[PDB]
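These notes concern the structure reproduced below.
Only a single protein chain was left out; the remaining protein chains are all shown in position.
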Amino acid sequence: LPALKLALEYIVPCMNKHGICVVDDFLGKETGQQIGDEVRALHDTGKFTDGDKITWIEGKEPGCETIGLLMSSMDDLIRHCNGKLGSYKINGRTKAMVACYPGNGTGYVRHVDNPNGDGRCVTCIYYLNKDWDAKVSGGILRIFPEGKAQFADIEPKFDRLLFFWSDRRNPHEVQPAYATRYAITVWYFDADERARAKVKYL
Amino acid sequence: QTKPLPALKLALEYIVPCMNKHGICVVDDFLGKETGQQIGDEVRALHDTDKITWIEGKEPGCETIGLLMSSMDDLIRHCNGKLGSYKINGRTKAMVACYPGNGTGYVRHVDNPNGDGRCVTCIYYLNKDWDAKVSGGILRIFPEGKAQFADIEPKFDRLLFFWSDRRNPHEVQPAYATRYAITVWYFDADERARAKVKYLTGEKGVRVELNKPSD
Amino acid sequence: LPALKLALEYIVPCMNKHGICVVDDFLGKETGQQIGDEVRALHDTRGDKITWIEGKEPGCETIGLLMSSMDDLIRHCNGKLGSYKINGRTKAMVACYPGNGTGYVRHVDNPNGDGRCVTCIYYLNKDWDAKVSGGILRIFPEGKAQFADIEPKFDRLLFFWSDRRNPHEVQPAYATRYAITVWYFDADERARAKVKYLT
Amino acid sequence: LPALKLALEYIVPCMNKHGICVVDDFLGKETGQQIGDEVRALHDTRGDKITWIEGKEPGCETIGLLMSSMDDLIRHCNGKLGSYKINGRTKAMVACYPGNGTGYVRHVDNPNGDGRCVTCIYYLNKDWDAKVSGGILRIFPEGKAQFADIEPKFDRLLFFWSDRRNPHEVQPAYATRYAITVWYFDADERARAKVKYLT
Amino acid sequence: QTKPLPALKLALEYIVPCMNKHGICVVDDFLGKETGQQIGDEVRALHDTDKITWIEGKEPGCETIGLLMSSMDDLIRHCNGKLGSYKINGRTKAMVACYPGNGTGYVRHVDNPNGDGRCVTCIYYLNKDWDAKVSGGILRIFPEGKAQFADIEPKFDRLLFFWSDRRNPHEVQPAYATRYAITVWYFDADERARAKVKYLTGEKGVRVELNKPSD
Partner (left out) sequence: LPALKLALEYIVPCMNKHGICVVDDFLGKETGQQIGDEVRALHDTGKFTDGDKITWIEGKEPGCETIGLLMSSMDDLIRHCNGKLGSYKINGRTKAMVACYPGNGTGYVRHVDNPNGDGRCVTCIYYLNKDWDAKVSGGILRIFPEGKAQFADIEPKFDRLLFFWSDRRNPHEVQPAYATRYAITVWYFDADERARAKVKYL
């Protein structure tokens, strides 16, 4: 299951078909647990902006190589879909939103990542909660594809990667959880949208 | 053999009042393990011989399915005109459906919103030993104008009745294992007619010719 | 404009980009008046009245004309209209609405896939000021961040998808209203519909 | 923790920032058990059962105790609790829920301003695994982009606004459930309520 | 004088069946111009002597308002137990309300969702010569489980009846001129009782003392 294959053979169609792509075992046990620890590190040192504990990583951070690995690893796959994903000309990506979600019975109401057209067109999420039994611990992502007669409960299973369109096509809510959960989110811009979105400023 | 079905008593003394009061009626241990597992096989067979398929009941390798349908009919028969104001004159084929276990769920919806004639939805679950607590697949019903709602388990050998119009909206929680169910809709004499008139059944129509004579 | 041009250069793209298409001055005040007269006369032989017309019936010639000219447009869009293979049609729903002060709740024509894929409406209300008598059709094209109010303008023709893509509500009217409606079936879908019924 | 500290240092701010406040280990497994026994015994003299308790009745002493200790918390929050002037209370709604597989539809306690401003619930279900038996209370704090699932944990006390600010639904239970509920009235509001009724 | 009111015929032959069938009933030219304009003055007077006020009917300068109420009662009286299954044993005071003309509207809502005893909302419009086409203020009702909805004009000397439970949700379009209306709710014997029991009326209560004896 090589790199460009996953991209042009599974992602692109599965995405242009439904608008949701799941990828199990993206980096492997050892490589994943690595990030798994590397993220728990940041949970202590500080600089964690924003309960709702999140923080933004650029990849070249002090000692956060593996997070950078993951990021730069996703970049490949998205690059390998150039012009294939809808009419979207994808170029840049936000910094990695490494987030530690509370898990105290807290859930997040349904919403849309990019309803205004702020540029973000492909949400990309990585789950790193080792042995996160969603059957008991809960904390599942639920997506309601606009105009479809079905919906999907995606579990934050360990070492799972998830893609979906960020616009009004994918409204989604997150069932609450009872244990602490970690996850890394990333968005990708459409060259035109991200640009048009910038004429507002000075 | 099959479990004895006192269709008359079960209709008049239980199903009818239940339906009238609540609009939802469950009947467990409908055909017994013996017939149930059998239908299990019969349906898992058609898998070979989200996908569905329609059955009249006479098809080969579908004997017990036709049996199930005949039982459903047996129950609706002894209801008479007591089951709501509806006069049930007929029904659809049996929708034998294979639902996948990929964590897929079904949005809130209503079987018959347009008024196409269907008045009573009827479902039968044949999943041998299905723990809804483990695999999910629960069916959530919201009885219109009530302060409660109900999570019905797709328990093995369970039969489910409910009105199909705006009165019973429902969701289907995702399942994490393949699941099987047979659905049937009963028609109200009048509504089905006006439906056929209004072209809400897709049965009628008018041919559109390839061309017309100029002028 | 010829039917082919109107079809291929206007209707097909308008229907693909939006799923809603208006066509003003379809048959001209000349023929439109006759269609109107036929209908008004037809509905003299206070809720909403509807009588289905084949087109061949007496005193319903011009109605049939309208239907024919509709079918031609549909012929020119054959294959190019969405992803549908249209082979069927419904009788002309000649409908006389009350105009008392009651609108029709927001809904969708074909929610369960009964075969119908294109709703096609023709208005006959001469000098109908929507800002005075109302009866406006509000459509909410699913997905699009805008919505539209279509006025029952005389001699107006209106196409739109029948599925969940175009839910819509009718604003109340304060005067007698007339509108002929037809639906078109997708060859496959309508056939897939019949399957559930007994032989 | 003393009632005053718990009141002024925890409940008042928690109620102001959110309008929802949980308090675990309110009376301890010691007294909680007795409250439970009183209730369970009380409900032996399959839909949901409810019997209102004043607290003074026989075999309902400990219930009354719970009520008292609730009132004290309310006394310590006097004036500081939202913008309400609490002067009244309802009898203890001792409720036994079925646990058959039926939840209670999403709703709001006080939608028309009947006087009630604070819903206050105390759970008595020993060793109640919400992940096995369910019966969870899901609240949607209006305005906030999050929502919460409150587990009917034994000896748990739960405060929340009764108005449109906190709509909420109860997940179905798969075992017999017990929960005592009380509401508090805002002096003005409840008085403004009576006005509409005849002398 | 006032217009003759055949309360008996109007109740039995029109209002009752109308209500039962649709759940909404309008009665125009209820009291005639004479009494109508009078109530006009009577209410515009209380403005002096979004604001509201409650009236029993006996208040000075409210004679014709009490009259209006007595008429409403007259009509509901001759309904008997025919008006739904409800047994109307009483009602609220008359809510005389002054609605402002600042382009303010009222969200979709339901008078009695909790089940507080109110079963029938009753409204009377006294706006001398109000063109709803010009100033708006229309009341839109959505009869639960129906394919139509209705825009009721707050026409002068108009009386309006409808169920107050989940069956009749409604919106009020904004008005661009001051508007006046008198509302009244009738109680169902049973529901009001269970309501008083459930403390849904705010009437009952329990005193909370300033302090308690320590220990």
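The chains carry the letters A, B, C, D and E, assigned in the order they are written, with residues numbered from 1 in each.
Everything that follows uses one rule, which is that a residue touches a chain if its C-beta (ideal position, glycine included) is under 8 Å from a C-beta of that chain, and two chains touch if they have at least 3 such contacts.
Trainee: If I consider the whole complex, including the chain that's not displayed, which of A:9, A:37, A:58 or A:133 touches that chain?
Mentor: A:58
Trainee: Check the options A:29, A:40, A:79 or A:111 and report the residue that touches the missing chain.
Mentor: A:111
Trainee: In the complete complex, the non-displayed chain touches which residues of chain E?
Mentor: 50, 103-107, 109, 134, 174
Trainee: What does the interface between chain D and the hidden chain look like in terms of residue numbers?
Mentor: Residue positions of chain D that touch the missing chain: 142-143, 145, 164-165.
Trainee: What is the set of chain A residues that contact the non-displayed chain in the whole complex?
Mentor: 49-50, 56, 58, 92, 94-95, 97, 111-116, 118, 187, 196, 199-202
As a convention for this text, only the chains that are shown with their structure count from here on.
Trainee: Among all chains, which one's averaged Cα position is nearest the averaged Cα position of every protein chain shown?
Mentor: Smallest centre-to-centre distance to the global C-alpha mean: chain B.
Trainee: Weigh A-C against B-D on C-beta contact pairs and write down the one with more.
Mentor: Higher contact count goes to B-D.
Trainee: How many Å are there between the centre of chain C and the centre of chain E, using C-alpha atoms for each centre?
Mentor: Computed value for the inter-centroid distance: 40 Å.
Trainee: Please set out, as single numbers or ranges, the residues of chain D touching at least two other chains.
Mentor: Residues 107 of chain D each touch two or more of the other chains.
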